[PDB]
Each structure stands twice: as structure tokens, then as C-alpha cells.
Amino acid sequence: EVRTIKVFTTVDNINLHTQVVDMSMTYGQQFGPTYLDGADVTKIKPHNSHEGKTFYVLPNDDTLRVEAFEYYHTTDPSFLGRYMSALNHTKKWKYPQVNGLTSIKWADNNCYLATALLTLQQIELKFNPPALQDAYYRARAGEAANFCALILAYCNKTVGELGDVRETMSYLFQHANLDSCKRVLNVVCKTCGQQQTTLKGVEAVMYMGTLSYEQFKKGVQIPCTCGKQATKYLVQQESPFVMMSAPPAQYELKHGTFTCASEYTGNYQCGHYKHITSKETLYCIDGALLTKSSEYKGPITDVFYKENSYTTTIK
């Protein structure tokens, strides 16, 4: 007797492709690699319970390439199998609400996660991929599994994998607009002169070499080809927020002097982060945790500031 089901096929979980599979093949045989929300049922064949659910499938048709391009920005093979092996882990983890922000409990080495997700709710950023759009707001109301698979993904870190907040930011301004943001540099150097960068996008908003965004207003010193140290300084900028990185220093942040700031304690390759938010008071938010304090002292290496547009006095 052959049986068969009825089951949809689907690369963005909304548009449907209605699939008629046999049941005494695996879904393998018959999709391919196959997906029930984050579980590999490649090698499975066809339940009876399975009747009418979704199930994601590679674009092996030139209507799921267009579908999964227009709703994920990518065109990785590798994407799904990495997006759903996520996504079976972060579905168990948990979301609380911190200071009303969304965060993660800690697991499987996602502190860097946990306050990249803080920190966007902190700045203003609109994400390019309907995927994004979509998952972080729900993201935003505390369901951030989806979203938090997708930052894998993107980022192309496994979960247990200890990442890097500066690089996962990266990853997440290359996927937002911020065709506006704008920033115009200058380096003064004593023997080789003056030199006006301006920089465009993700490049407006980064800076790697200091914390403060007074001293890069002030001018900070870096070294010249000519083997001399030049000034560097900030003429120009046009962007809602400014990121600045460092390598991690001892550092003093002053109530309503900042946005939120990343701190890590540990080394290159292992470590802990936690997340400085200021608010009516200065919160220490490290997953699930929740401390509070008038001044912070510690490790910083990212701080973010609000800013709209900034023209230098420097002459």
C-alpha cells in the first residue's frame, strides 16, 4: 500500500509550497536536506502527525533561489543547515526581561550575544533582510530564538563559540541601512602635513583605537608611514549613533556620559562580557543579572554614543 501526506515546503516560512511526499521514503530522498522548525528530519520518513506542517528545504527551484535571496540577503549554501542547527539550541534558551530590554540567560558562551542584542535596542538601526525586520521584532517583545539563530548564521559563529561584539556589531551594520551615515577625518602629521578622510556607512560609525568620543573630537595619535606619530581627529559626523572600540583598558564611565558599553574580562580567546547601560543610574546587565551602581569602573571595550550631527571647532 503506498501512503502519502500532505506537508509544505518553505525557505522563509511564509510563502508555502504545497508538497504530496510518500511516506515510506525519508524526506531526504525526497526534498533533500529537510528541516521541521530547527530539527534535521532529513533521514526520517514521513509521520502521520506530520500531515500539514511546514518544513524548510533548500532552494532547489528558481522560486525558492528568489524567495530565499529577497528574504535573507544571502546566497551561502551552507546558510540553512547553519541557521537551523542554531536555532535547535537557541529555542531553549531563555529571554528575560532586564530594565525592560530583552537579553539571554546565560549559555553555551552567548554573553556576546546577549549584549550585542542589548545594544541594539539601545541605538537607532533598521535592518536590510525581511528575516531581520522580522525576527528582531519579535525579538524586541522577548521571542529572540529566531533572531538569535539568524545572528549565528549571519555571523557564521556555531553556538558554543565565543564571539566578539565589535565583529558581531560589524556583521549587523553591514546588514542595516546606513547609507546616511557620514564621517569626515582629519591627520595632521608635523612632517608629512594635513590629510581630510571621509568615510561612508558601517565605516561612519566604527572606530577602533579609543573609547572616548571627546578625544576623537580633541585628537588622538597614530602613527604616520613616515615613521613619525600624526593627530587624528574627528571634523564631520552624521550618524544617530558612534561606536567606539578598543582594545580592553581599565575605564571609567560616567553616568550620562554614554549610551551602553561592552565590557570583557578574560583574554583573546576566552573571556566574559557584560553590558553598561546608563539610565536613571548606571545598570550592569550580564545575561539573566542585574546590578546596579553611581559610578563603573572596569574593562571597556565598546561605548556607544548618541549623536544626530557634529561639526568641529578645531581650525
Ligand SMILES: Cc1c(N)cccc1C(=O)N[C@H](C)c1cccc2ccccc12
Second form
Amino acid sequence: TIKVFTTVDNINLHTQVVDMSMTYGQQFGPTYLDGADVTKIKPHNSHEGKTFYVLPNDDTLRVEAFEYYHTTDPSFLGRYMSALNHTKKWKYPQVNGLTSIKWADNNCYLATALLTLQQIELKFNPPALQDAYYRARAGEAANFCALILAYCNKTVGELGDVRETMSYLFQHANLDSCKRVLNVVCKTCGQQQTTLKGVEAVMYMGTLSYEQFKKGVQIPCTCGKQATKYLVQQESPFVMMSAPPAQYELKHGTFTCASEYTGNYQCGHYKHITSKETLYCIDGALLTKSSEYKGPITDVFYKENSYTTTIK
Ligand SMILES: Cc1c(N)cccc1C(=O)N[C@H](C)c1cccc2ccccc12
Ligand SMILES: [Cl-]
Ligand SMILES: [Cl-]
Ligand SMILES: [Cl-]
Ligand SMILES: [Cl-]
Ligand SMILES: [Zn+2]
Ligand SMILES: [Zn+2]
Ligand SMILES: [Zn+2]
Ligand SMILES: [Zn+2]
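Given the form solved without the ligand, corresponding form solved in complex with the ligand:
Everything in the complex follows now, all chains and molecules, and the chain you saw is the first one.
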């Protein structure tokens, strides 16, 4: 009868004395080792004193699991562990000082997201995500990638979108201070100012150009006509500007990083462009550099702190 530890968070460990003549499943319910489902398996001898993840089956474990993951979804742990079983076999090469991912299991959108997350200021609310984000920044990204899959409700090999992935992660981040003030000018209706907070204050869909957003973009007015929307005030450490992919020129020093998407809707591949002392293009493990870039861009990230318009 070996001594093991059970946990939902790998911080609070609970000593258990297990029966060597019963499965982990019979004694604990769903039980995992480093991602590997061992519910239907007897305790070996080299399992002695090791840490097992369990599905929460008492109040203490349910509270610990919510405090760590910020979800009570009973499927979360099994989806996280199933993802981790693959993400632990991925390769996380250091490319131009950034942790990337070698191509596997349609993971280009995760590699692009992971590269982006290393270049923008973001604090995650769930300790599971914040802890794994620090570990990923230091080169140990397998756990973080499995969490991103579980929080986005995506499995390994499923096709993914960087913008949708960033949106889910931002909904799990402290963006409460982020504020965006917009003005809409219609010939007829006149001027209406609106204030957005959190995720809606940092994401925009319809133009890649932060400068064009400051000048004004044409949107339909509920009245019928076309109106100009422009940015009045921005308080955030970054903005994400997205549009359906189109040929776009990226200028060294005018943006932080960008998502390149080649191919048809739900049938293409991401590469990541980052502005350093020159432009670096990261394609999983592969790196190329050039002074200029023109290609199909769908996301551009920019630095911000505080912007106020000069438009009266
Ligand atoms: C949306 C999506 C999902 N859900 C999953 C995987 C890929 C994409 C996608 O095509 N995204 C790209 C960036 C994209 C997003 C939006 C519009 C697009 C139009 C033409 C071609 C690609 C477009
Ligand atoms: Cl625990
Ligand atoms: Cl929450
Ligand atoms: Cl891929
Ligand atoms: Cl959260
Ligand atoms: Zn939360
Ligand atoms: Zn795999
Ligand atoms: Zn109008
Ligand atoms: Zn791909």
C-alpha cells in the first residue's frame, strides 16, 4: 500500500494511503500522472510518493480547483490532461529570444499566440494561467499550451484562429483599467461618444492600422448613412487591430508584432512577424529576417500607454 499525493492544482498536496489491489479509479475517481489517464490502472511501486491529479470529488478539492483555474466545469481537468499529453511532446525552440513551437497538430495559431504573449503586457486572473505564463516565458511552455487549449475548448489538431484565441485569453486577464473612448460622426445624426472597457477596449475588427483608427474609419450608421468612427482616448498597454487577411506592408518600428495568415478561411497557416532591430518572420522553428515585409496580415499589435486625440 504505497503513499502518494493527490492534487487538483499541484500546490495543495493531500497524502493518501492507496490499496495496491485496487485501481486509482476505484479509490480516487479519474486520476492522472503527468497528463496520462491512470484511472483503469493498479498502483505500481515506482508510483510511491508521486503526485496524482484527481477530479475534485469533495468540497476542499472543488474550492481549490476553482481558486486555481477559475472554472467549476467538471470536464476542464480531463480536457487539460488530454491536451498536455500532446503538448509535452511538442518542441519549444528559442527563436530570436522568444519561445516558439515546432509545427505539429495544426498548432501554428498557438505558436503565434504564444509569441505574441511574450511581447505585450498582460496579467492572467486564474493562478493556473499566470503561473504557466511565467513558466512559458522561461522556456517551459507545454503546460501553458495545454491550458490555452482547455480554456478555448479546443483539442489538439483542431484548427484555430489567433484573434479568437487572444479574445478568450483576454477575457481571463485583468484588463479592467483598459478604456477606449470612441466618437461616431454622422452628417444627419451628429456625434455620439461611447466608452468601452476591458477586452472591447483593446481589440478592434475591421482595420490593421492603429493610425487609420485615430483618423477615422467608415462604418454604417443605424440611421442608414455612412459615418466616421475615430479613437478619442485610449488607456491600455497595447492594442490589437484585426481585419480579414489582405496584402499589407509592415514597417520596422511602427508596430510590435503581427499575425500573417496564408490560405482560405479555416484552411490556412499562420506565421508571426516581430519588429526588433529588423523584421523577423517566425514560422514554428524557422526564422527569416528582412528590412521590409508585404504579406497577408490579419492581426497587428501596437504599444500604447495613454492616447488623447487632437480632433475637436
Ligand atoms: C476563423 C478561423 C477559425 N475559426 C479557425 C481557423 C482559422 C480561421 C481563419 O480562417 N482565420 C483567418 C485569420 C480569417 C479570419 C477572418 C476572415 C477570413 C477571411 C478569409 C480568410 C481567412 C480569414
Ligand atoms: Cl489540490
Ligand atoms: Cl472567474
Ligand atoms: Cl500548423
Ligand atoms: Cl478568469
Ligand atoms: Zn476569473
Ligand atoms: Zn500530438
Ligand atoms: Zn446617422
Ligand atoms: Zn498551420
